[PDB]
Amino acid sequence: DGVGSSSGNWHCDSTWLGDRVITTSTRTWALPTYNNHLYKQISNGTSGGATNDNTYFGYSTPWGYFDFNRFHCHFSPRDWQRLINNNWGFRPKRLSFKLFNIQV
Amino acid sequence: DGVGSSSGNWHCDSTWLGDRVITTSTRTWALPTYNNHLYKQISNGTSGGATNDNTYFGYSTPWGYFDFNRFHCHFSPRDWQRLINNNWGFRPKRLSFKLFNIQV
Amino acid sequence: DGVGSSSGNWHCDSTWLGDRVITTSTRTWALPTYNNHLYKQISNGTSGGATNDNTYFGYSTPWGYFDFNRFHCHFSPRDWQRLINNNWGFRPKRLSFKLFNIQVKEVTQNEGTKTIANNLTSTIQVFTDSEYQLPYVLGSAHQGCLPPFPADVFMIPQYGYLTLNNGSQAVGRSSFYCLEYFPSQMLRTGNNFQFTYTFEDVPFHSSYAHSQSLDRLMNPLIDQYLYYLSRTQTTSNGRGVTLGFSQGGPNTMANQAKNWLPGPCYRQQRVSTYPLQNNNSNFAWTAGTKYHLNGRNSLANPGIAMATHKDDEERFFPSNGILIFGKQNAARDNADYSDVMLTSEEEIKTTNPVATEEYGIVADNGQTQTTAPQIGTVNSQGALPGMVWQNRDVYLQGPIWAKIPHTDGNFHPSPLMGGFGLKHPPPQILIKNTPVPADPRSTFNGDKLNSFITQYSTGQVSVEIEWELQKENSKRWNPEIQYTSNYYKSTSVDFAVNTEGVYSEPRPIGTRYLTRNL
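Chains as they are written, first to last, in PDB author numbering: chain w, 220 to 323; chain A, 220 to 323; chain V, 220 to 737.
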């Protein structure tokens, strides 16, 4: 696996087998540099126009994170229709995650 | 099997298994005597007010017959909904027929 | 098995073996034709004199059902006495059901004379809903049970159900059910039907009272090492501010630190048994304790389990907060107080709050030098960490089980009329006479047949339940309280027939006599 070979393939599909369904999604992402590689103290307080309800103290990092935690990530509108018209219930079982074809 | 034992049970159900569905129906019937046990020549002709298009010649018998040849015989409205929303096609395969608990 | 042989025997017995008891009952029933073999839409709406609270939409079927869900179905008064005096708890285990010796009869009218004949070739049809696919209508405390007294013959009740409504009308989610769309068994006079059922694990009903109260659990002889705030103000000289602190002890027990809390509260309005002490007005509905569901008000009857009254208050009861049984031959509507039998939950004072009183007091405000403390009264209290409570008691006249609704969540799913909550209760049993057409016309017509022979059926039914017992193990020195029969002379015997042959039950009998430490 060098610079001239791809490290993965595009998988977007859904498979309905009996009592289970498997969804798979592929997307393209872009990751910037955040903060200029720095950790930074952040805060908000009542000294400004902020009311006491909105105050906070924390940190922003130079890191990104992945979020797949919405349903439209995993279901097409037609797949969601098959689910809700035919079934009394559903729950998640297991997941797989891949990150591939990286270029800097 | 005498006069005091029933010769069958009531079966109305539908079963959805994979690539097939099985329907079963039970009804209660009544059979009269027709024609006074006679065969009879019947006809219609243009001598009366009948036009030539409506003429016929035939016979009526003293017999009845069973007709299950409509779909609502075999499907409830909810079963018909499951069929037409989820499937691209269907065809019949085999049938069974029973006639039981007769009383004259 | 022909027309000349019986398909079962009469079994009424009880057997006490060790840690279990088995009851078995047999009764004679009669099943009419309902609705003229028709399903019918039924509804009630505000267009008439009905208020919005009473509206409904539903269907009545042409089917009957069996109901054994009261305790007097399975226990004689003497058997119930053996149970409640000797045991700390019991629960159901398994049951058997039989339906046998069926006979179908046809009745025909000619002028004013009535004759009844046997119809030997007719059938009835029976099934159990074991997949819980029908609206479950048991557990609503309806009439039509197997009678408490084994010699009585009973009529089978008609089945029906309700769906969603808006006023007197149906909405899009309303469901219709045909019971002929279920496989069922057909029986002529020589056939019979049976099935068996197993109860799921359920906790024992607690038959006992506590001999301690939740606030008395301390040693009366010893001080606590913890302190409380006993003094905000100086007594000596003038009135001034100070902080005093004391340890809790034998004379201060109301002030001591404790580990636990009484159960939840939903307050009821108070009603005296002596009518002259009640206010003069009709407050039964307007002062009733209610809940509000989809714009529609429902009386909370009986509600959560609370003590009926406190010490020496025995003349008061919560308005809609108790179970009320009628005496024999009592009126349906507007019966007098001497016609009915009021239960009492008084045994649970040691733990649950009293139904007609507040839960407690909380702080309304924060205080300052210029502002005096304000206190609120808590009339409704949900679950708090550290609460303990008892369920409502069960009675010989009362229900046994209820079906737990199928839902995302629930809290302490014990039925509020009392009993055992069940995710999969004993299945309901549907029974119907098969329609027999009258002679039709001799020329074909395509309309459905509306003319039938009039029929009804009778037969025998047996039910057998195995019960598991929890034995009482106690070091109490002094004798217990027991349920007993009155010693003195009387015009008749309690729990027997009178001169006319009528069986009556004099009083309601609860389960809680033996005691246990709290």
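Just so you know, these hints were derived from the structure itself, not from any lab. Hints may be right or wrong, so weigh each one.
Cβ-Cβ distance ranges computed for the label pairs, FRET-style [as the list claims (entries may be wrong)]:
#, chain 1, residue 1, chain 2, residue 2, range
1, V, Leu-436, w, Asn-306, 38 to 44 Å
2, V, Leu-436, A, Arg-297, 45 to 51 Å
3, V, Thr-270, w, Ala-269, 50 to 56 Å
4, A, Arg-297, V, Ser-387, 54 to 60 Å
5, A, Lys-312, V, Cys-397, 24 to 30 Å
6, V, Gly-268, A, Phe-309, 48 to 54 Å
7, A, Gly-268, V, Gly-264, 28 to 34 Å
8, w, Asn-306, V, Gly-514, 28 to 34 Å
9, w, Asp-298, V, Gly-585, 38 to 44 Å
10, V, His-631, w, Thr-270, 27 to 33 Å
11, A, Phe-309, V, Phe-373, 44 to 50 Å
12, V, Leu-603, A, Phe-309, 33 to 39 Å
No more than 20 Å apart at the CA atoms, straight line, and that leaves these computed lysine to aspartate or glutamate pairs for EDC-like [stated by the list, open to error]:
#, chain 1, residue 1, chain 2, residue 2
13, V, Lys-642, V, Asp-420
14, A, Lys-317, V, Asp-666
15, A, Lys-317, A, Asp-238
16, V, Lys-642, V, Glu-399
17, V, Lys-667, A, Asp-298
18, V, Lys-259, V, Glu-576
Using N, Cα and C, we set each Cβ at its ideal position, and we do this for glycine too.
Hints versus structure:
1. Taking the beta carbon of each, V:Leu-436 and w:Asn-306 are about 51 Å apart, not inside 38 to 44 Å as hinted.
2. Checking the proposed 45 to 51 Å range against V:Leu-436 and A:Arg-297 shows it is violated: the Cβ atoms sit about 59 Å from each other.
3. Checking the proposed 50 to 56 Å range against V:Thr-270 and w:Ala-269 shows it holds: the Cβ atoms sit about 52 Å from each other.
4. Look at A:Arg-297 against V:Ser-387: about 25 Å separates their beta carbons, and that is not inside 54 to 60 Å.
5. Judged by the Cβ atoms, the range 24 to 30 Å given for A:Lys-312 and V:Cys-397 holds: they are separated by roughly 26 Å.
6. Taken as a hint, the range 48 to 54 Å holds for the pair V:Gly-268 and A:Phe-309, whose Cβ atoms sit roughly 52 Å apart.
7. The beta-carbon spacing between A:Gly-268 and V:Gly-264, approximately 54 Å, falls outside the hinted interval of 28 to 34 Å.
8. Checked against the given bound of 28 to 34 Å, the beta carbons of w:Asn-306 and V:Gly-514, roughly 31 Å apart, stay inside it.
9. Range check, w:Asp-298 to V:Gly-585: Cβ separation about 55 Å, and the 38 to 44 Å hint is violated.
10. A hinted range of 27 to 33 Å for the beta carbons of V:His-631 and w:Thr-270 is inconsistent with their spacing of about 41 Å.
11. Remark: the range hint 44 to 50 Å for A:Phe-309 to V:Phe-373 is upheld by a beta-carbon distance near 49 Å.
12. Between V:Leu-603 and A:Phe-309 the CB atoms are about 59 Å apart, so this pair departs from the stated range of 33 to 39 Å.
13. Proximity of V:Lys-642 to V:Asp-420 is assessed by CA-CA distance (about 10 Å); at most 20 Å being required, the pair is judged to hold.
14. A distance of roughly 24 Å separates the Cα atoms of A:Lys-317 and V:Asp-666; the hinted pair therefore is violated under the 20 Å criterion.
15. Annotation: proposed proximity of A:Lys-317 to A:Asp-238 is violated, straight-line Cα distance about 26 Å (limit 20 Å).
16. Proximity of V:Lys-642 to V:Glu-399 is assessed by CA-CA distance (about 26 Å); at most 20 Å being required, the pair is judged violated.
17. Note on V:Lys-667 and A:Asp-298: the hinted pairing is violated, with a Cα-Cα distance of about 23 Å set against a maximum of 20 Å.
18. Of the supplied pair hints, the one linking V:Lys-259 and V:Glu-576 is violated, its CA atoms being roughly 47 Å apart against a limit of 20 Å.
Taken one by one, the earlier hints fail for this structure at numbers 1, 2, 4, 7, 9, 10, 12, 14, 15, 16, 17 and 18, listed in ascending order.
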